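Engineer: Residues per chain, in single letters:
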Amino acid sequence: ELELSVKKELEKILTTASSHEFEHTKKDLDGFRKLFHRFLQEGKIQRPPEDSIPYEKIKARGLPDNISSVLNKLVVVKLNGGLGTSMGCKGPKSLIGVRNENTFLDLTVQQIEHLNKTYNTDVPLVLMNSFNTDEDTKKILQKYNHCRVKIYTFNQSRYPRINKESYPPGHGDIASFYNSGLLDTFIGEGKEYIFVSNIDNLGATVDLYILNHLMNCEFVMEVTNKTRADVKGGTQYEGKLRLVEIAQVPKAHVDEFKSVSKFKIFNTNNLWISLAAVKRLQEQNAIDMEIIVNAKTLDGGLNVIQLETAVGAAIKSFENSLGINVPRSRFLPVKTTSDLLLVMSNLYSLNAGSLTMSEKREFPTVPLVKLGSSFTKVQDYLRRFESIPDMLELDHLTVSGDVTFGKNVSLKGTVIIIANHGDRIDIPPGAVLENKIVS
Amino acid sequence: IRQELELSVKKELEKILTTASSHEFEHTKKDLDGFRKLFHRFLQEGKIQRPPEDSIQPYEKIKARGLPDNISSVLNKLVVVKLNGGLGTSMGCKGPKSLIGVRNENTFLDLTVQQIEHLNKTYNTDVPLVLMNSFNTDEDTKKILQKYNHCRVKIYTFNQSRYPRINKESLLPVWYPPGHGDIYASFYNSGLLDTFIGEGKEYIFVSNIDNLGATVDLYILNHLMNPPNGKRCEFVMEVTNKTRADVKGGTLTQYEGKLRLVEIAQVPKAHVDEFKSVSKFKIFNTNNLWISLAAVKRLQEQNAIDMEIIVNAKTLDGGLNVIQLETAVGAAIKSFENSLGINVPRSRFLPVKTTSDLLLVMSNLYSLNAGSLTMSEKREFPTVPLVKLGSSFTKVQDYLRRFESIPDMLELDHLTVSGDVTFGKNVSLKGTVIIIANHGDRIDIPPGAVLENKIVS
Amino acid sequence: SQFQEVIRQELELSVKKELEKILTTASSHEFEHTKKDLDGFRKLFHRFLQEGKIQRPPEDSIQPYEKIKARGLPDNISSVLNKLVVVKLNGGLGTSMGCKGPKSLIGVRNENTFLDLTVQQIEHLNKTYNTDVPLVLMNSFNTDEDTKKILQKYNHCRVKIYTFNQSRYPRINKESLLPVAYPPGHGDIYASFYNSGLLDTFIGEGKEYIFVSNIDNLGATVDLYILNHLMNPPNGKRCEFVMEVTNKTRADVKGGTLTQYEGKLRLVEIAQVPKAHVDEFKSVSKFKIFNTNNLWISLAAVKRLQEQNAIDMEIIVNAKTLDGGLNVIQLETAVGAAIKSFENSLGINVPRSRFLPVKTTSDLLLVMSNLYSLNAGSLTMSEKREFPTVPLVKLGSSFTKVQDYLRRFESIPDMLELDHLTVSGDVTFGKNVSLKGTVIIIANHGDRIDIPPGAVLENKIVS
Amino acid sequence: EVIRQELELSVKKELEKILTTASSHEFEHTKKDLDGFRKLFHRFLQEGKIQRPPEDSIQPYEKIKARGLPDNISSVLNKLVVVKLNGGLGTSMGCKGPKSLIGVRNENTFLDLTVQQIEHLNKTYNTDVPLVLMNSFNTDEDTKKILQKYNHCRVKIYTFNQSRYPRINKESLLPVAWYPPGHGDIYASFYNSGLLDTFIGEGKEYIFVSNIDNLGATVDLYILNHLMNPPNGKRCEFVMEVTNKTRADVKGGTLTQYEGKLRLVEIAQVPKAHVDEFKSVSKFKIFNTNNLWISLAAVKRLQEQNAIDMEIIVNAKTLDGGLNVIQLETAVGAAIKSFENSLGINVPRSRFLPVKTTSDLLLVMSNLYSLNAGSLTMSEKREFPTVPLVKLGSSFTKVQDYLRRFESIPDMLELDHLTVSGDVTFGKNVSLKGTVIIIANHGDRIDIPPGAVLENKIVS
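Chains as they are written, first to last, in the authors' numbering: chain C, 16 to 57, 65 to 75, 77 to 189, 208 to 215, 217 to 258, 265 to 283, 286 to 489; chain A, 13 to 57, 65 to 193, 207 to 489; chain B, 7 to 57, 65 to 194, 208 to 489; chain D, 11 to 57, 65 to 193, 206 to 489.
Nothing false has been slipped in among the hints.
Within a straight-line C-alpha distance of at most 27 Å, the following computed DSS-like cross-link-like pairs (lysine-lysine) qualify:
# : chain 1 : residue 1 : chain 2 : residue 2
1 : C       : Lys41     : C       : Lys187
2 : A       : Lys486    : C       : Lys346
3 : C       : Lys312    : A       : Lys82
4 : C       : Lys314    : A       : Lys410
It should be emphasised that the hints constitute simulated quantities derived from the structure, not laboratory data.
Could you put together the complete structure from these sequences and hints?
Structural biologist: Right, dumping it as structure tokens:
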């Protein structure tokens, strides 16, 4: 008698519709009911064997020659649903400057343009944007016409927040793909596959070595070795491969997670998913994704629980799955302005829209940089540099305080600069900082 | 001309050779004439040689061949020689570097013999230890040896030669050790060479006492004593990958059928850029070498030991620029028939140059097993953490003063301190720690504190 | 006498009329109890206008708690509680501490508020004793309307919670002697509690004794031994009015003491003490006795004395200035000075287990440390804390407002081995700090100090 | 009047009890030095405005240059003698011994350079010009030691010492404690050394007195063409190089036509009232360079006559554990007034470039200037011709410090003002441009990064 009083106010929100909106109105609610019923009804015994999961072994099978073929039976979807307010800039996380002078969105059409103009193929790109991103990104999709690209944008369902005392439904909502109708469209043409990559990941290009094991199974989940850097994240139970998340872990076995190995598994969020298998699961309602609590409180109101599902959670529902190892070449997500300084450096070379780590960086290791609190805002980031320094021979960089960089600087080895509170530190142009502590 | 000003520097030492203290005469004549013998070669003083994939072998291919059975093995073919001719004033200490404490507190010397004991006291064998110490270190090291009686290890000493500090502007003499190439002649001349080959030992294993990871390894020894169907070995060179940590050293190449050594100075100007990547040079001179005893006798008799002349500048401290003619051990493989060096894990090369290495190596990051220490887990990534202590921390006494115990490091990646900083008991460093106390200020870090990804100003 | 008692009469006449004015002001149908309130002011005022040294206190009038504690506890049933009334003093906000609201609603431990811990205490009586103790709160216009909306949380519990408001009085002028168009303190209780129609309800329900304490005193708790002493008393005397007293620390010389004046007890406070002998009050101790404001009072006794106007309490002056205004007086009274009027009145000397005023954040810390343990809503110093010694904690002005206090300590540090603490300026503690010995943490203007998580500061001066 | 002769002959006998303590052979020079004083003290006891200097008596170097060069051969050099002023240490720069011996570039010492010059002269021209050094009791034996090194360079070198005088006391008026009596003491010493008669015997006719600070003191052919084979007939005798005043160099010496001849004037000689008009109004554009051209012939003629008129420079000095005392001296320039036909010629600042302090060094060992065969001249592309202004602090004063602070001399072509003070260091390959102020307050350090370009900046 305690779920029958929330649904009665979910019937009291249908008559507050603006007459026209009724097609996707009675449906988005009827999804919340399918997941609110799983809220109040809520191993270790199997470890992943050798016969399940390497990169350099597929390359020796290895590459189908040549045109195309095969490049024509595929669709490319990159995620959008997400602001970059954490970055600073109000608006979609797609519309921020990366390399002079392209943005995330620009970098993606750059990649597709090179393949179309060389393999004679026409591969359509797709955005899965949220309600906070569609108004803006739609207005700028006009500057992409007359480029050899097909474009297909569509929204995600709207979900009602609920209160602790008495929002986007996560990235796993891709429920929506059948709702817009493009599911039925894409299949009935010749395509058989969908490639999901995040837009934050800039290494997540479409691979031709993997397109061998795909073309001429079904479900591919890409993986990379865990590193001290990124500890928490997603990692074969009872026949099928099951996704395991940080929050699902019982109280006892927290020490067993992370340490040691044990596990090498990490969630890449780069997936290939078969089209014809979606309709065998989306219609019979057998997709089993796990739903997470995710209750924050911002800014000056009660604690709110926002229920969301995960993309990689539907392996337990898919049949005949197997994952393959992908070297860190093809995983490079950008989160803070400290990543921006990294990627826009002469650490990466730029080639037809997709970027790779450069020569001659002698050792193949990312030199990660920690920028201070006063660099977090992208508008402040560019203020303080403009003239992204030389970093081909840098190992560690840490700046904190009111610091400014002149043009053409070179950073080498370990550089530490720390201005005290209400001090300014002005690095002169052309300067070469090598293993130095600038207080 | 070049002779007529060389016969001056030869009759300039005839005045000091009569300034000889009766007995100490023949080991004085022997050296000074061996100084002339270098000075001569000093006046006269590729590339097509790309290194081969057959001589230089991976460790992984020896280690699993593999274990020599049984009793035992023989091992009684080996001699462990360790270089002990180095002062430790860069670490702060007046005297031999060997006598600096590393753990609990075993000294450098302590730790070696504790290995040789665990061998002999488990394999019913008698392996010797041989130290080469120069005139700097011989005195002080001898007095502190009486503590090793009734340890199952026979220990032997012999001195490096004594050459004159020649003048840059003057090219005339007024004292230094000729490096570590001097071994071949000074080890023969002591008499020890003939002893060991007389006991039937045929293989000597040189290394640096600095290299705490330089441990006697069975798997390699098996490749040597009773070798794989073939000939060899007159000489072996342990060699590791190049790290950003150490960009200048030696590289081993194949110039003219035999493998040569190349030093950074031997490089003419229009090719210095080329050395150390393009990465067709991931060879690093570890300085951990095996040699054959039988081999040394032959080649030393006929002066058939060819090394490149090292020419070091220093004017330090007060006075004119000084010229030190030296020779290295490596620069003499090309004069040994049939050479090959193998590739070795960095596990086997852990040299303790600064006070910053001490920290690393006496932390809970390494676990000790009576002498020989290893990178013991829990440790997640294999990566060696960066540690850079300031100038307030160089002299050992200061370093030891500053730490009231050595802080936990098993989950550290980078740590940099500078200033008058001072630690506590049970301190736990995790992530990237930066602690900097400015000219006049002092930071003392409270006991049992956990600094994790922080910056203390 | 001649020219002095004409002016005095014209003062009491002038105000009265400017108060006959502020009566119909005010022309609100809801008169209850306005006219009475203003008849209480003129009673105080008339006294203010018209307006030692004697003996030390006798050795049988004040008694040690151990003598009484060991007699010992009642036997039946008991069921001696059924003649008791607990009364908590809720006339006061926490704007001192810095909180929008009644002090009675700030959280202490895990994280129950002063009043939570109070009802948890009574619940636990009634539960283990199949008894029904009534709880009364004597609050003010400041405190009532706010707490009433919350009192519905204590539903389904085993308490009957009761309320009343004590009067409003208007604040008189220090220059002009004129009312501006305040709660007269805890001393007003007698009148207000009776007028509220509760004194009579309970007397006619079989109660005989009232236990008055503060809400700020987390230690002031119902004690079966001191209860045994009034209910079924020794010999048959028959008292009436009993006031808990303690021994004076350096911590509190500025309090009130009991002394025999002309044949009865009287509470003598800092203020009424002559200019020449102010020192001899503080020392020697000697006068080692100090008022706790834990009181036990007979209900029968109130009526007899109330309905007959005879509770003689000393008048306090209390000059205040706030905010952009000149000087205003304010007339108040104190429970304690009532002893004077009662009969067979006596005081018992108490441990300080029973006296913990949570007045500052300094006090809060201590009381949410590991230096105490919470059991059924009451808390007491806990073993193992070896030396019985009580630490002294002085926090800085940066720690005054509770909202700050919480954020500055990521956790509550381990105490138990504190002797002295003194923090002043901009500091901050992390998770799992352990403090022992004497800890001094001074940070100057413009500086920060962040004690890292897990630190153990023993006898250090951090700067 | 009668007291003066009393205090003048009291001095006579007091010195007479000091000869009686002279080491056998030292005497014949010690006495002549002491009779040198007798005369100066005698002048010192007995001790405008109409002076504004004419047109024709001071000439612009450009006219002279355009006449121009000697033809034969020349080999006009044969009649010249180069004299460089040595007496004078470099303790104010933070150096022991002779200032002559400080490293300027490569490092060539001050003296390394002037021989480097004379030599290149003799070698290109097949002539053998001599270098004579006038050092004093402080910079003599120290210099002679180093002279061994110039063997087998093509320069005959010489030395002589100027006199040594007694320090007389402020209150007492008695002598004590010895000093070299100014550079003006060149006429007397040069005569007594005998070189003067020696040289006028080998048929030399002229000396070129100049200073070893002066790096710009080139031997210039056009001035020579004017002295040997003079145009028109006359015939003079004394020539004073002379330049323009900068706000920099205002308090100097200027020529004026006092009573017939030219006469030098020093700020110390000017009446209190008129001090404002000397040192501007310019008016006095002329400023003394102390590069002089003098006839050997003429010296001798007038020295036998004791006719050389200099003014007494009265000096007050008391350092460090001494008491207040006077130190009577004379100036070389001062002597125009007694020579004949004397003229001054105005000369580019190129010829005038003294390195008196550590600021100056930085400037001269820059890439602003350029070095060839010992001589150095500013050069390209120093586009706007003006000389940049450098004020290093009291930290950079000592030569030994100055070098430790500059891990490399920095670029200065584009530099207009540089001013530092406090505890500062410089990386290598620094470039300075425009106006650069770097100021480090007591207790601080500024370390400039290598490769830095400071362009119009304040670094505090």
